[PDB]
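2 protein chains.
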Amino acid sequence: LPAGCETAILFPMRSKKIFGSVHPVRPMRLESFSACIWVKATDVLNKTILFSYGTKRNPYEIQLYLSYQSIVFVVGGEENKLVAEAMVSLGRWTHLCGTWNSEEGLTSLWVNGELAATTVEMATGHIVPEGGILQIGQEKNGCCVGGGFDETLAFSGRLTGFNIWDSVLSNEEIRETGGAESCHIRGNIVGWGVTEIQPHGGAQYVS
Amino acid sequence: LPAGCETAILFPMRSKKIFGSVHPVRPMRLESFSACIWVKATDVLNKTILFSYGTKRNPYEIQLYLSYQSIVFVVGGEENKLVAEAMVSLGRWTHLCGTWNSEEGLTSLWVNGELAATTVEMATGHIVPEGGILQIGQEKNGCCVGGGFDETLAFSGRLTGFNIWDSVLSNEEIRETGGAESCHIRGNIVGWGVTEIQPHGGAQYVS
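Protein sequences, first through last, are from chains A and B. Okay, so the first sequence: first residue is 15 according to the numbering used here, each after it adds one. Okay, so the second sequence: first residue is 15 according to the numbering used here, each after it adds one.
No wet-lab data here; the hints were simulated from the structure. Be a bit skeptical, because a hint or two may be false.
Identical copies look the same in the list; a pair holds intra-copy or inter-copy alike.
Said to hold, decoys possible - Below, computed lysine to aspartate or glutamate pairings styled on DMTMM-like, alpha-carbon distance capped at 25 Å:
id, residue 1, residue 2
1, 154, 164
2, 30, 128
3, 31, 118
4, 70, 144
5, 31, 210
6, 70, 165
7, 70, 92
8, 154, 144
9, 70, 186
10, 30, 210
11, 30, 135
12, 95, 20
13, 154, 210
Construct the entire structure; sequences and hints are all you get.
Shown next as C-alpha cells:
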C-alpha cells in the first residue's frame, strides 16, 4: 500500500446525504497556511466540489471545486480564485494542494508535488474567520432534511490523506508530501486519522 | 386557549433541538403584508426569535423578537428594525399584529389590538424575494448535532393563531383579529389548519 498509509474513506455514491463532519481540534484563524488532500476522481462535471469550509455570513470562505478539466481554488470569495488548465484526470488517485499568504496575497497550486498555477495579491491582508464548519467532499448545506446536498456539487470516489498546517510548506516538504513516503507527515491543524472524521449518508472507511 | 380555538403548541423546554418547520404552498413574494399572531411567553430574554424568514444570504429577511420588556420587528436585514417597549409580560396571551408598505417603507406594530410601534422609510420599495424558509422559535444553528440550537434563543411556552397575509390589513381587520371570535379569521398566505406545520424537538400540539 502507498504512502506508508493505512486507511481511506469511500464515497460510494453521489447523493444528497453522503458527507462527513470534521471537528478540528484547534481554531482555524490563520494568515499563512498549508494543507493537502489526495483525490481519486471518479466523476468530473462542470463543477465537482472537493471540500467546503463555510461560515455563517460567508459559506465561501474557502472552497476547492473541480470542473471538467480545471482545478479551481477560491480564496475569501468567488471573485478571487486559482485555476489550472489540463492537469486533471479520471479513475486515478491524484495529488492537488497549495499555499497562500495574506502579507502579499500569494496563492499557488501544486499537482503531484509540482507547481501548476499561481496568482499574486490574492486576498492580500485577508484573515479567515474561525469557529466555522470545515466540510469535506460537499458544500455546506442540509443533510438530515432528507437529501439536501445538491448532487451536482457532490463527489464520488475514495478520499484520504487530509492534513492541514498552520503555515506555508516549503518546496522540499511539498515533494515529500507528494511522494510515496508522505503519510507520516500529518498536519497539526488536521492529522489524518487524528482529527475525528465520521462519514455519513453513504460513505464508509476503506483500507 | 385565547379566544375560541382549541389547538396550540406547547414548547415545554427551550433546548438545542426544539423548533418547528413550516412549508407554505404559495409564493412568498410581497411588496406589503400583514401578520397577526397571539403569543404566551414563559420567560423573555434580551433576544428570543419567535419566528423569522431567512435565506442563505439573508437570515434576517423578515423577523420579530422580544427584547426583554420590548418587541423588536426586524425587517429586511438586522439594520432595519421597529421596536416597542413594555407590552409583553410573562405568562400572558398578547395579540401582536403589524403592517408594512414598500410605497415609502411604512412599517407598524399593534399589541392587544392597539398600536405598538410605527415608522416610515423602512424597507422602502423592498421586495422579499422567493424560495426561502420561514422558521418559528429557532435561529440558524446546528440541529442534527445532538442539539446545537442556541438554547438561549430557543423558546418555551404556548402558541396559536399563526397566520400571514399577502398585503396590508387595515385598522378594522387588525382590531377584529383581536376580537373574541377571531379563531375563524385567518390569512391567505398562511391560515391556521391550512398550511403545513411540523413541530420538532419538543413542540407539541395541545389539541
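So, going through the hints one by one against the coordinates:
1. With identical chains, the CA atoms of residue 154 and residue 164 are at most 25 Å apart both within one copy (8 Å) and between copies (19 Å).
2. With identical chains, the CA atoms of residue 30 and residue 128 are never at most 25 Å apart, being 34 Å at best within one copy and 47 Å at best between copies.
3. In this assembly of identical chains, the alpha carbons of residue 31 and residue 118 never lie at most 25 Å apart, being 39 Å within a copy and 44 Å across copies at closest.
4. In this assembly of identical chains, residue 70 and residue 144 lie within 25 Å of each other by CA distance both inside one copy and across copies; the values are 11 Å within and 19 Å between.
5. For a Cα distance limit of 25 Å, the shortest separation of residue 31 from residue 210 qualifies both inside one copy, at 19 Å, and across copies, at 23 Å.
6. Both within a single protomer and between protomers do residue 70 and residue 165 lie at most 25 Å apart by alpha-carbon distance, with minima of 22 Å and 18 Å respectively.
7. For a Cα distance limit of 25 Å, the shortest separation of residue 70 from residue 92 qualifies both inside one copy, at 14 Å, and across copies, at 14 Å.
8. Proximity of residue 154 and residue 144 under a CA criterion of 25 Å is satisfied in both settings, with 15 Å inside one chain copy and 17 Å between copies.
9. With identical chains, the CA atoms of residue 70 and residue 186 are never at most 25 Å apart, being 36 Å at best within one copy and 41 Å at best between copies.
10. For the identical chains of this complex, residue 30 and residue 210 are neighbours both inside a copy (22 Å) and across copies (22 Å), given an alpha-carbon limit of 25 Å.
11. Taking the shortest Cα distances, residue 30 and residue 135 never come within 25 Å of each other, neither inside one copy (36 Å) nor across copies (42 Å).
12. Taking identical chains as interchangeable, the C-alpha atoms of residue 95 and residue 20 are never at most 25 Å apart, the minima being 33 Å within one chain and 56 Å between chains.
13. For the identical chains of this complex, residue 154 and residue 210 are neighbours both inside a copy (18 Å) and across copies (24 Å), given an alpha-carbon limit of 25 Å.
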